[PDB]
Amino acid sequence: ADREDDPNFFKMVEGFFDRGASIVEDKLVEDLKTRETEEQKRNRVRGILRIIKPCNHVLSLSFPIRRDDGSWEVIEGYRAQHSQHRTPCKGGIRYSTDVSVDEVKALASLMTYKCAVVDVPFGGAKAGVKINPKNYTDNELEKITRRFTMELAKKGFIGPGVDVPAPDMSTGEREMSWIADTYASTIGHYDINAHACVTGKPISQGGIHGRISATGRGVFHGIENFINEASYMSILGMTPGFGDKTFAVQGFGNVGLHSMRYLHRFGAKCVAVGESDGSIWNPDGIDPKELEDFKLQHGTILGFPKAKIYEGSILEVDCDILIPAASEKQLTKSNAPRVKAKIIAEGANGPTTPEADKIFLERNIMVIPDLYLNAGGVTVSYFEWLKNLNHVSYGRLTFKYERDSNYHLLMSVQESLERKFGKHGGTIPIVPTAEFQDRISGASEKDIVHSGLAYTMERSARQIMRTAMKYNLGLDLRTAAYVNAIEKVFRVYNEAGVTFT
Amino acid sequence: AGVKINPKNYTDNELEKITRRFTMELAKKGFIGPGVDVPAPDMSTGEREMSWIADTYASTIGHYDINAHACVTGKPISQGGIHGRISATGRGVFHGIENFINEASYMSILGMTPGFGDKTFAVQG
Amino acid sequence: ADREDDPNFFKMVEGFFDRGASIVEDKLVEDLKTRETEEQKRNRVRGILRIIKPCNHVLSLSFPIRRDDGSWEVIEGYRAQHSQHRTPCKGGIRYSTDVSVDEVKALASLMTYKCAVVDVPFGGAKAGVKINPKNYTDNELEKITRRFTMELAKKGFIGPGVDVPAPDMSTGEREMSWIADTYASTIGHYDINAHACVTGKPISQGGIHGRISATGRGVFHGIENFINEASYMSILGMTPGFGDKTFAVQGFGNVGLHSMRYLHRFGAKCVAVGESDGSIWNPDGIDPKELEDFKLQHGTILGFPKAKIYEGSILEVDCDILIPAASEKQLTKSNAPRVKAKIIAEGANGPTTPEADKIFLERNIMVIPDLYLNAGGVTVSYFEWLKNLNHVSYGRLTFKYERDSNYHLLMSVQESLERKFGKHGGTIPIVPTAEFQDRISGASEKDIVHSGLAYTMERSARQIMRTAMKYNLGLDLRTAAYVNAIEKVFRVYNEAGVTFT
Amino acid sequence: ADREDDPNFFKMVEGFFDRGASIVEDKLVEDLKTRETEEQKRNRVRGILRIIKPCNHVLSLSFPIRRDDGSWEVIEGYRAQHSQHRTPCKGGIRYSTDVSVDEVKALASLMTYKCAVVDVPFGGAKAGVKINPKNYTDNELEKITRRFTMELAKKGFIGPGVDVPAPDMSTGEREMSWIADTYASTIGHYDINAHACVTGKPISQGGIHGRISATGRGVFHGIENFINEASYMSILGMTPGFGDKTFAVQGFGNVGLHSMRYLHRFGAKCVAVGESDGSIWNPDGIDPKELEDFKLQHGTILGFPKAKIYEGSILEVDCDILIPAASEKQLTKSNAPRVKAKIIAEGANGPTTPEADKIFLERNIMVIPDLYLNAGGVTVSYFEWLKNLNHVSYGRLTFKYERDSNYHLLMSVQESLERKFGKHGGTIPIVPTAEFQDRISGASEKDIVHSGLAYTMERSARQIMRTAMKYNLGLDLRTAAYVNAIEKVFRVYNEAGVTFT
Ligand SMILES: NC(=O)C1=CN([C@@H]2O[C@H](COP(=O)(O)OP(=O)(O)OC[C@H]3O[C@@H](n4cnc5c(N)ncnc54)[C@H](OP(=O)(O)O)[C@@H]3O)[C@@H](O)[C@H]2O)C=CC1
Ligand SMILES: NC(=O)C1=CN([C@@H]2O[C@H](COP(=O)(O)OP(=O)(O)OC[C@H]3O[C@@H](n4cnc5c(N)ncnc54)[C@H](OP(=O)(O)O)[C@@H]3O)[C@@H](O)[C@H]2O)C=CC1
Ligand SMILES: NC(=O)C1=CN([C@@H]2O[C@H](COP(=O)(O)OP(=O)(O)OC[C@H]3O[C@@H](n4cnc5c(N)ncnc54)[C@H](OP(=O)(O)O)[C@@H]3O)[C@@H](O)[C@H]2O)C=CC1
Ligand SMILES: Nc1nc2c(ncn2[C@@H]2O[C@H](COP(=O)(O)OP(=O)(O)OP(=O)(O)O)[C@@H](O)[C@H]2O)c(=O)[nH]1
Ligand SMILES: Nc1nc2c(ncn2[C@@H]2O[C@H](COP(=O)(O)OP(=O)(O)OP(=O)(O)O)[C@@H](O)[C@H]2O)c(=O)[nH]1
Ligand SMILES: Nc1nc2c(ncn2[C@@H]2O[C@H](COP(=O)(O)OP(=O)(O)OP(=O)(O)O)[C@@H](O)[C@H]2O)c(=O)[nH]1
Ligand SMILES: Nc1nc2c(ncn2[C@@H]2O[C@H](COP(=O)(O)OP(=O)(O)OP(=O)(O)O)[C@@H](O)[C@H]2O)c(=O)[nH]1
Ligand SMILES: N[C@@H](CCC(=O)O)C(=O)O
Ligand SMILES: N[C@@H](CCC(=O)O)C(=O)O
Ligand SMILES: N[C@@H](CCC(=O)O)C(=O)O
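Protein chains in written order, with full-length UniProt numbering: chain A, 61 to 561; chain B, 187 to 311; chain C, 61 to 561; chain D, 61 to 561.
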């Protein structure tokens, strides 16, 4: 962000990894099966961690496209595959002028550790195309996407069993449609799983309910899991719950907008919203719905009638919770002194530098880390991939059977009681509550996504708190998450004997 | 499948090579694959050999197969193994005995009481 | 490696390309059968040249190996594919600590243009592994080589119809054997052309006669084609021919040793040899055999009894012809003022910076450029690939038929003359000269390699001379070669309509 | 069979291998590159020879067919691949009740060493189906063949670049047609080389001129190369040449009939012919043409009008040359004392036991060994495979250009002499002899099969003679052949580093 506050993104994530490696090193050496404790054990542990951290594969591309006015342009693209310790690699595609090999490797490694934290059986990957999509027509972006797909597919950097992309900054449903159609019409014409080659697809194409809003819905769940912990909310000097709290979100895209929709729903009040244009502000609250309608209509948030063009940086606005939901390295050493919030919920990937971490720790500011908090996108992408593999809408085969079963179950209770308390207890109707009537046919896809997401966001939160307490890490939840991620990944390399995976 | 060696006479380094190689020769001739032929442990092989088999398969012929790790069973749990495979054969030895040891019709021809609480056994191996 | 004579290798080769592009730009715009100028024709031309310049594909690798001690090491590797305008890419593998993405991209592009100069139907590629092979056992190097092969094969960066590697610095026959065996035993088990996946193989494995010495044999042919040109030898102030000239060679490896073997054979005098150790010197001549025998025996050329340890840089030694046959960027701006030879024969790839080119021009020093002079290696690798595709030793099917044919041909002349000048002439024996008796059965593989190489080195030389005369380039033969390479490559992008090739 | 004269066919060929290994062991240790002559050289050499001996792969098959009357029948089949040191394995298919794993492994190893003797770049393989084809209809044999092909193809035991079968006993043109059609219509439908999956095909079907007679034509050439060697014919006490010698052939099938056709053509007289039925005899000569006509007409040779039913074993008939052209192990310990002939030309594979070798040596009987003498079939099969790879009839592109070229060559001589000896010389016509006129368009496919075969039969004979002298092996030409074969195969294992080839 600043100058000399601007570390190498990949090394910075390596630093987070090293932090966590220091703390579990003893525990890893502990539960080793192996021969003689010459702590050659210790060196074996440290050799495996050396294998995990670098990317295994990075493809760099140049390829031409023919612009709308007839000119030729060369555009560059990358896709890094950080780890294959679990076989389909997973990670999004970013269209931005900031894309580099540097940045794509960093995000690929975050994907590996994030999947381990939430227990999604994917290795990490990430792709980037070095363009500003503002400067291209829809016709041009289709050509760029379709061709990026074919160059990746010929070199084994996309495929249902190899590497499954997804949306990231400046890509969405529409690009994923183009990726899936290009794959399933060329290399994947005979693959029964061709459409599992990418996630974030439109629902009419093998998409899944809620994937668009999935990352924000998991930002809500991850904040709620900590905002309702008395142990943590006391060190921060705050009341548990949402009903009284304010937040600011940087970024009004896929992550920002839905984070703000869900927190607003549960009582919290949106105080400030920012984009690259600038920010808006209103201490009385901003409504997500009418702000979205405004942006859709005018292409900017600036000039929203029910708020204030805020001069003075979103990141330092006064609120309880600050949600970075845009680029990386937004909270720096020069920046953290004024942050004025007590909870930093990283919706973005890598939005805080290590020395901003130092500061936040000694002001008792809680950073809910990216590799836990934004993992809702990859969790629901995992559900979408599973759905394509199965070729049925969840519940489709069982709705009627379930509904009938549950009525006969309840009827069994009714008839059993009528038998006992016979003739002059009369009729004892056993009927579903209003809530059970909703579930009477069993889960649909929407139900699976919702409760599946909530289950893993909370199982993961409680593993991070368990770990932070056991190593006495206070509010350094980032280190706790990496400790968890490292332990999971390390076990696969143990039994395997490495050499590859 | 069978390999004519006595594994006690080999180092772990040597057994890894034997196993990884045996896998490749089988895979080239279509004698291992998720939809073709799925090996498993037997005498003197276990979790460890099954790891080597799955890794060798999924890193060569099966690099693009979404089901590469279904090429062998008995794998360690951290590797796509399943809970209880190690003890599975004995747990089914227990169930298969109990299904007959509680059958009065059969336990009578044998002159025995139903149930386990009063019986001795010997195991070879 | 110094501090401000040390340009980015890939950009530097781009610069050589740009000069050549300047000069043919008019001639490319000329022969365009397309609609009419609007000088959209001119924009089309430099849009195509913009597509040719960058590498299409670069794979970066990390993978672990088990050292002999039991320790784990991560080693890096790269392979760039510069162009697919001709389908099998071609280029060597370098094991060196100087290997990087930009070094591998630079060498890959030189391979494209060198193949075009000599009319070998391959696109350019190059691989690198970032190790110093002197620090590894043969066991360890086997491992590294066989790994590197499998990682390349899974991602389509090696294959008979995709990308065919070859030796480079610190690799040879032995590594090529490991590469071919690993390929043909895994991914290529059913490919009838599996052993065409790499060239430079041992003869017993589908190698071809003379590949080892092929680069030096083409260094000799390329010097001889210019050393016997009165027009050029006059601007330099020298006598045509080899019989009176001295040379120094930097590098005593695959290129250096055989360059020095062949020049010594045709009368020239080797005055100095260098390696990384240092150099040796003797103005009376060094013999290539006994120097080779000494190196094989002691592992160094320092201390050769028949010469004396030269202190003072082999590149400035006093000779007629200087042969850089080692690393790149050896002749720099700080260096060229004292070069003291009048012919610089670039056996190595990229051994002169652009800044040193400027100087050598003004001093009337003739640089025979790499993309012409060292192309003997890829020319004979092309023959080896063809041989593997055909599955016969040249001549095998025809030796006897050919030998019998030629004797009946000669007998036809004999009997025809005996018929006419009847018995006043007796017997008129028609028999082969001693030289025809050698060819009586037609060419063998050795004959094909020898005369095939001489034919292309010579045709290519005269193409460069014509071009240098027709644009009045003087001794800037480097620009003439790039003009030729650009014309050949541009030809394919024209009719194709680009978009993929 | 012969009771306690009846060794394990595979072990017996291993024994032949071992005697050759004895003799070159010193030589092999000689030209090893490598470092420590520590008597670890010697152990490497033996370790490599231990790898070469055993078959790498043996597929055993059971599969059902429905017989013509509706009954089901399981039939067994095998195919052994002895070596992959050269990539397409090669070897025939035998339909016989004597087929076993041990017979198929023995013949497969013979194929490896025979291909090495004649320098055909194939590893050895052999298949067998355990039936007596005289007990099946043509309908039934088609189903057995087409099915045997599919079971081999699914497990990678047939394919143009894997394993290429051919005829053997009781199979021919017809079966090879069925094999090629089954392959090219299922697994090979997209393979440009599908029809190179088997050799011995009918000419209309991608077969090659002379494959049918090729084995006998090479029997003739291999006898002729030794029958015209004064050095050898003197130890036997015979006159060089064919014009005054008799021979007997056991087996009147593919090998026997054509061996007898070619020897009869060059003056030798056929004295006795045998099959499983029995034999016929006439010291006065048997004509191959009319004997063939009789067999085609009556299905047996017994009762040929111009000969008498011989009762007393054709192997002991009184002749100069005995040609075993049927099964293996036909000349035994109990048998060799009475053999009567001075030259045993092994057309069959493995027709002589090792103990019969011992005897023949001490009676100064010359055994021309199988791995040299019958290698004409695989030599011309190699030509057929090459032909299918090239997709042109030899000469097709060049006939007219050759003819024209040869006329103008000759005209150059004519005009050159006319200008020198001007007027008083008149016209000096230069015209082809009658022999050159046949050749004037260059070789056809027939010409290359003929002269190609003669070239390799002769080059191989000399190499055996050279070797038998360098080791003072007398008439033990079998050991000389194995010495040659072992040297060539050992080559490939040296540079390779073994582990897969
Ligand atoms: N896409 C997904 O589903 C997931 C994304 N993430 C991470 O979340 C972040 C973005 O996600 P996403 O919402 O998809 O990207 P989008 O393009 O959907 O939205 C990006 C938002 O960030 C804004 N933005 C970009 N740069 C800046 C900046 N320097 N200052 C302020 N606002 C900025 C854009 O506004 P403008 O148009 O004004 O630039 C836009 O509103 C990245 O870190 C990404 O890796 C993580 C998990 C899932
Ligand atoms: N290999 C081939 O077939 C072809 C190679 N080339 C180019 O030729 C050059 C070398 O080829 P090759 O002969 O194969 O390489 P080798 O590794 O075979 O031999 C290299 C020689 O160069 C010497 N050398 C290396 N670095 C230096 C240095 N910094 N200063 C002085 N001497 C040095 C080495 O000496 P030491 O042992 O002391 O390092 C060794 O004598 C490279 O540029 C290569 O790309 C071009 C065409 C074909
Ligand atoms: N086929 C080839 O191209 C080559 C074959 N060989 C070897 O040569 C032999 C095959 O010759 P081929 O002509 O191909 O086979 P065929 O089946 O074509 O002819 C076989 C001949 O041998 C006769 N025969 C079989 N067993 C006996 C026996 N025990 N005693 C006497 N005669 C017998 C058959 O008689 P009936 O007709 O009554 O069975 C028939 O006349 C085998 O050893 C084979 O491996 C080696 C190199 C090339
Ligand atoms: N961009 C945008 N998306 C919306 C809006 N309202 C609903 N959605 C999304 O559209 C999809 C379908 O809506 P619903 O069926 O109501 O979703 P839901 O499962 O009930 O849960 P929610 O996501 O909380 O609405 C869900 O993913 C919503 O998140 C909106 O106002 N703007
Ligand atoms: N060798 C050995 N294996 C054990 C022992 N206890 C459990 N296991 C096996 O380890 C696996 C995990 O064990 P648990 O965590 O106890 O789960 P479980 O299904 O209750 O195990 P069991 O009922 O004992 O089979 C199961 O397959 C057990 O059979 C033990 O004491 N010794
Ligand atoms: N390193 C090295 N290579 C040699 C030497 N002599 C010959 N060679 C190379 O080894 C191969 C075999 O050499 P030859 O049998 O003489 O065939 P050639 O084609 O006439 O060899 P040259 O013309 O000398 O290159 C050829 O590639 C030679 O260039 C030598 O003394 N040292
Ligand atoms: N079975 C059999 N084959 C024959 C006979 N005569 C010729 N052939 C073969 O049929 C093929 C075609 O015959 P030709 O036109 O004479 O060809 P060729 O090259 O002149 O044949 P040869 O010199 O006899 O080997 C050749 O392979 C001959 O060997 C015969 O009488 N019986
Ligand atoms: N860009 C998303 C991708 C998630 C997915 O692969 O679905 C992330 O950072 O997690
Ligand atoms: N390194 C060699 C390799 C040539 C080849 O591909 O054979 C070169 O620079 O040309
Ligand atoms: N059975 C023949 C077949 C040769 C071939 O492969 O064509 C032999 O023994 O040599």
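Any given hint might turn out to be false.
[Stated by the list, open to error] In silico contact screen, one side only, chain D against chain B (beta carbon under 8 Å); selected entries: (1) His117; (2) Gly216; (3) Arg321; (4) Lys400.
Note that these hints are calculated values from the structure, not bench results.
Every residue gets a Cβ at the ideal spot worked out from N, C-alpha and C, and that includes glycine.
Status of the hints after comparison with the structure:
With a cut of 8 Å, the hint placing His117(D) at the interface with chain B holds, because the nearest CB-to-CB distance is about 7 Å. Checking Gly216(D) against chain B by beta carbon gives a least distance of about 5 Å; that is within 8 Å, so the hint holds. Interface restraint check for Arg321(D): the shortest CB-CB distance to chain B comes to about 41 Å, outside 8 Å, so the restraint is violated. Given the 8 Å rule on beta carbons, the hint for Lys400(D) is violated: about 47 Å separates it from the nearest Cβ of chain B.
Checked against the numbered hints listed earlier, the structure breaks hints 3, 4; every other hint is satisfied.
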